[PDB]
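K.L.:
Here are the chains, one letter per residue:
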Amino acid sequence: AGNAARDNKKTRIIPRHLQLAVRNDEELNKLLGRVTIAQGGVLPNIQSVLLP
Amino acid sequence: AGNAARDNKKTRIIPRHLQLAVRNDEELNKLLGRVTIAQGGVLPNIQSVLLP
Amino acid sequence: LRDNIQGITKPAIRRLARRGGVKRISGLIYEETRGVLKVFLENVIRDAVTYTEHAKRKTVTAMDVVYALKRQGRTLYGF
Amino acid sequence: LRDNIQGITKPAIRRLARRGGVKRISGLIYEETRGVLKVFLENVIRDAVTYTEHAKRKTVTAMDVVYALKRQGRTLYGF
Amino acid sequence: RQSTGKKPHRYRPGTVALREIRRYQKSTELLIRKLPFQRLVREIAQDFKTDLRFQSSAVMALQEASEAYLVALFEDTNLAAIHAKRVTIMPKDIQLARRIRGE
Amino acid sequence: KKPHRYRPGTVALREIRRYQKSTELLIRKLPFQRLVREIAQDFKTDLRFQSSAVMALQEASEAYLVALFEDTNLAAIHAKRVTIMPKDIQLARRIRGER
Amino acid sequence: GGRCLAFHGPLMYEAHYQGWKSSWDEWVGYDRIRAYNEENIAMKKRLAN
DNA sequence: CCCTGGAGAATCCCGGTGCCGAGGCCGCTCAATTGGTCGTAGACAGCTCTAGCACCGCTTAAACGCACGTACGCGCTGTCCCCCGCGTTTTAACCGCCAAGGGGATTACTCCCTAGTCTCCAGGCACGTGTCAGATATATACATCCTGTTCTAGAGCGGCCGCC
DNA sequence: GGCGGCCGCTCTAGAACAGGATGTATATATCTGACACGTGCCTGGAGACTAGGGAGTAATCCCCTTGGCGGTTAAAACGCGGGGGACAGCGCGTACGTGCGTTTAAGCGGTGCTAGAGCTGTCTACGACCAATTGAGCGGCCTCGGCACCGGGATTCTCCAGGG
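Protein sequences appear in the order of chains Q, U, T, P, S, O and D. Per PDB author numbering, residue 66 is the first one in the first sequence, and the count goes up by one each step. Per PDB author numbering, residue 66 is the first one in the second sequence, and the count goes up by one each step. Per PDB author numbering, residue 22 is the first one in the third sequence, and the count goes up by one each step. Per PDB author numbering, residue 22 is the first one in the fourth sequence, and the count goes up by one each step. For reference, each letter of the fifth sequence is one residue, going 8 to 12, 36 to 133 in PDB author numbering. Per PDB author numbering, residue 36 is the first one in the sixth sequence, and the count goes up by one each step. For reference, each letter of the seventh sequence is one residue, going 11 to 25, 80 to 113 in PDB author numbering.
Hints listed in this document are in silico derivations from the structure and should not be mistaken for laboratory results. There's no promise every hint is true.
Distance ranges between label pairs, derived from CB positions [as the list claims (entries may be wrong)]: (1) P:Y88 <-> T:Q93: 14 to 24 Å; (2) O:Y41 <-> U:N94: 31 to 41 Å; (3) T:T96 <-> O:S87: 27 to 37 Å; (4) P:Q93 <-> U:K75: 28 to 38 Å.
Calculated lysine-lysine pairs in the DSSO-like style (CA-CA distance at most 27 Å, straight line) [claimed, not checked]: (5) P:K31 <-> O:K64; (6) P:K91 <-> O:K79; (7) T:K31 <-> S:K115; (8) O:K122 <-> S:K122; (9) T:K79 <-> T:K59; (10) S:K79 <-> S:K64; (11) P:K79 <-> O:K79; (12) T:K91 <-> S:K64; (13) U:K95 <-> S:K122; (14) T:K31 <-> S:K64; (15) O:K36 <-> D:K109; (16) T:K91 <-> T:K59; (17) U:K74 <-> O:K56; (18) S:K115 <-> O:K122; (19) S:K79 <-> U:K95; (20) O:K37 <-> D:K108; (21) T:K77 <-> T:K91; (22) S:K56 <-> T:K31.
The beta carbon of each residue, even a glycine, is placed where N, CA and C say it ideally should be.
The task is simple: from the sequences and hints, build the whole structure.
P.N.:
See the structure below:
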């Protein structure tokens with residue numbers, strides 16, 4: 066979460082940083098696959114065929 | 066299961082009949098959705114577009 | 022309270038699909054999404070109602086909602 | 022013991038898809054099904070190995086596999 | 008009862047949709063409004079038990095859980111749409127995703 | 036004479052009707068058992084398996100693969116197809132959360 | 011024995081016709097010849113007549 | 001029809017406010033820590049014996065492979081109607097603000113039935129066994145699917161007839 | 001006398017229909033193998049008793065959600081323009097359906113042996129429990145600073161128009 070906050074260059078840890086920390090790590094993704102995180106959203110990924 | 070066994074002309078309860086009884090009832094199918102039944106198979110249902 | 026299923030507006034469902042990375046949104050997805058949300062709420066709120074009735078309380082707390090989400094494999098953090 | 026992933030033969034996968042009501046079965050889906058089965062076995066058998074190691078036993082019983090499948094929401098009856 | 012009754039911009043579809051996808055995917059705030067969802071929750075709860083109240087935080091938790099569940103369902107629906115060689119989602123894709131999920 | 040020459044699909048429907056009502060195990064016992072042994076060899080070299088343990092593993096794997104094939108076929112019919120594809124399996128695993 | 015032995019026009023009879085089901089075998093004893101499998105089954109049935 | 005130069009608008013980096021939630025501090029008190037003391041679950045040693053590992057006959061249904069073709073996967077075209085971007089005018093959302101009154105939270109008096117024994121006994125479990133429904137077996141028999149032959153409808157062609 | 005229009009004739013093909021094909025639905029014959037009844041226990045729950053403790057209920061309290069407003073600017077909704085895409089349709093093809101030849105191992109039955117899980121003692125540290133204590137976790141208050149907000153400016157990627 067601190068690494069994700071530094072990528073966003075924020076000092077305080079917000080729930081977006083925690084959600085990014087959980088979803089970015091594959092081990093944490095498998096551990097918390099059935100886990101819903103409030104105020105966090107999802108990963109900002111775009112499918113390959115979506116871009117024109 | 067006895068109803069399914071009478072539908073199969075059987076007077077002994079076999080795990081196929083138990084699987085049919087579980088999956089035929091909607092409440093039992095929803096309750097036992099995460100349930101694996103040994104020697105039971107699945108329902109003999111075929112899709113509409115699969116018929117010739 | 023009647024016709025409260027239309028409170029979830031069409032651009033709200035559009036924004037929810039935008040969060041999910043949906044390219045194009047059909048006009049028939051809104052009624053189906055409202056029905057799916059109604060079914061999910063009719064499960065979760067009923068489970069929370071049973072949780073509240075068990076504890077002899079008249080209003081439902083967020084902890085009972087957390088328990089009702091956790092028992093179906095959809096655990097929620099932060100409440 | 023090597024190359025036992027080919028032990029799940031082509032007509033076995035054919036029969037497995039016929040049980041599931043599949044009309045047409047591709048030629049490239051056998052390897053994918055073998056990989057999916059390998060992943061599922063590498064989860065379940067590893068869980069049973071941990072159960073047997075905690076159970077002070079060197080033989081994997083059916084009961085250990087039963088709760089190994091139960092802990093992942095895939096409970097099996099009859100063993 | 009007693010009554011008788036010069037050139038505009040003209041953005042093509044898809045680019046602004048991807049712009050909104052990028053804006054809301056990196057965003058944090060709640061998309062669904064508060065009081066319509068709360069009123070829907072009360073209307074659903076009144077069918078099961080009358081004279082029932084919900085606190086603000088319980089409504090908040092329900093709203094965030096429903097938003098996350100619907101976002102995951104829309105992700106699966108879009109994945110099935112690209113899987114079906116399409117960019118437009120259909121309600122049958124939602125039904126297929128619910129059937130695969132087991133609900 | 037000429038052969039009967041069944042059209043593609045009729046024997047498929049016959050096999051679907053036969054296996055959807057029969058509870059016999061489609062996977063052969065010994066190859067699945069030996070696959071289980073080499074998979075468990077990566078975790079424990081000195082390990083043994085009971086026969087009923089292999090039976091339970093075979094039944095659970097068969098049911099999981101049959102459910103995966105059902106989801107794959109339904110996704111194929113959703114995608115204007117009748118032939119199951121590996122990408123349909125990947126989609127079914129991703130929706131179920133196992134991918 | 012052999013690969014072609016039939017009283018009529020042979021279809022690679024094995025002592080059973082290959083490529084056919086089991087309910088077509090006849091074991092009668094008559095005058096059997098080969099003739100290069102009735103000249104390659106009449107040169108592929110008159111080149112697929 | 002494709003490549004390249006110029007500009008409209010959503011988006012990104014940055015200067016200044018400040019503010020309201022985050023960080024640090026004061027007690028202190030209630031949960032965390034220390035020592036002893038037993039019942040007791042657990043670590044360890046010897047027996048065993050019933051189920052699993054390895055190899056062997058064999059035979060036979062299961063499986064690899066090659067020949068052929070027709071349902072279906074995939075590439076390509078249009079279109080039109082379904083959805084999106086934006087102008088405009090309603091429309092209810094959120095914060096601002098006020099009481100209310102059921103209702104969560106806390107404290108205390110009391111009371112039944114649940115923790116824990118004693119004894120036993122009648123329902124539950126291990127073992128033995130007659131038995132009654134399921135499976136193997138096979139001619140007979142369904143049973144629908146595939147295919148060959150014929151029926152009838154449709155379009156093309158040619159002969160006949162009236163008109164200029 | 002030449003030609004357009006009309007009607008009969010023959011060609012062609014879609015499709016209803018009947019016959020052959022092969023894998024199952026049944027009708028006994030008989031094996032057979034667990035199914036349930038009986039018996040003999042015997043091991044766990046029930047009658048009865050002792051004691052006590054956590055909730056049922058009453059009271060308080062203070063707290064927090066519902067109703068209920070104006071306001072105001074974000075946005076739902078209606079509608080016009082239009083635009084790119086879902087799907088019907090058509091064509092290419094290849095690659096997967098169907099079928100047996102042939103090989104090849106799956107499985108039934110058998111035999112030997114030890115790998116090791118229950119089983120029974122045995123002895124031993126270990127954790128719940130009772131005095132005795134004690135020290136920073138947390139409610140709350142003081143302080144403070146990171147980024148929401150508000151604009152200002154800007155690079156910066158994107159669409160429209162001109163040229164080859």
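K.L.:
For each hint, tell me whether it holds in the structure or not.
P.N.:
Checked hints:
For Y88 (chain P) and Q93 (chain T), the hinted distance range of 14 to 24 Å is satisfied, since their beta carbons lie about 21 Å from each other. Between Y41 (chain O) and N94 (chain U) the beta carbon distance is about 35 Å. The supplied range of 31 to 41 Å therefore holds. For the hinted restraint 27 to 37 Å between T96 (chain T) and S87 (chain O), the CB-CB distance of approximately 34 Å keeps it satisfied. At about 33 Å, the CB distance of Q93 (chain P) to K75 (chain U) agrees with the hint of 28 to 38 Å.
Between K31 (chain P) and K64 (chain O) the alpha-carbon distance is near 15 Å, which keeps this suggested pair within the 27 Å criterion. With a C-alpha separation of about 22 Å, the suggested pairing of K91 (chain P) with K79 (chain O) holds against the 27 Å cut-off. For a cut-off of 27 Å, the pair hint linking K31 (chain T) to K115 (chain S) stands: about 25 Å separates their Cα positions. With a C-alpha separation of about 19 Å, the suggested pairing of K122 (chain O) with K122 (chain S) holds against the 27 Å cut-off.
Restraint check for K79 (chain T) and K59 (chain T): the C-alpha separation of about 23 Å stays at or below 27 Å, so the hint holds. At most 27 Å may separate the alpha-carbon atoms for a hinted pair to count; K79 (chain S) and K64 (chain S) meet this at roughly 22 Å. Distance check on the hinted pair: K79 (chain P) and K79 (chain O) sit about 9 Å apart at the alpha-carbon level, within 27 Å; holds. With a CA separation close to 23 Å, the supplied pair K91 (chain T) and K64 (chain S) stays within the 27 Å bound.
For the suggested pair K95 (chain U) and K122 (chain S), the alpha carbons sit about 21 Å apart, so the restraint of at most 27 Å is met. Our distance criterion of 27 Å between C-alpha atoms is met by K31 (chain T) and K64 (chain S), whose separation comes to about 15 Å. Taking the CA atoms of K36 (chain O) and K109 (chain D), the gap is about 12 Å. The hint holds against a cut of 27 Å. For the hint linking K91 (chain T) to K59 (chain T), the alpha-carbon distance of about 19 Å falls within 27 Å, and the restraint holds.
For the proposed pair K74 (chain U) and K56 (chain O), the alpha carbon gap of about 14 Å is at most 27 Å, so the pair holds. Of the pairs offered as hints, the one joining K115 (chain S) and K122 (chain O) holds, with about 12 Å between alpha carbons and a cut-off of 27 Å not exceeded. For a cut-off of 27 Å, the pair hint linking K79 (chain S) to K95 (chain U) stands: about 24 Å separates their Cα positions. Under the criterion of a C-alpha separation no larger than 27 Å, the hint pairing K37 (chain O) with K108 (chain D) is consistent with the structure, at around 14 Å.
Of the supplied pair hints, the one linking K77 (chain T) and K91 (chain T) holds, its CA atoms being roughly 21 Å apart against a limit of 27 Å. Note on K56 (chain S) and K31 (chain T): the hinted pairing holds, with a Cα-Cα distance of about 22 Å set against a maximum of 27 Å.
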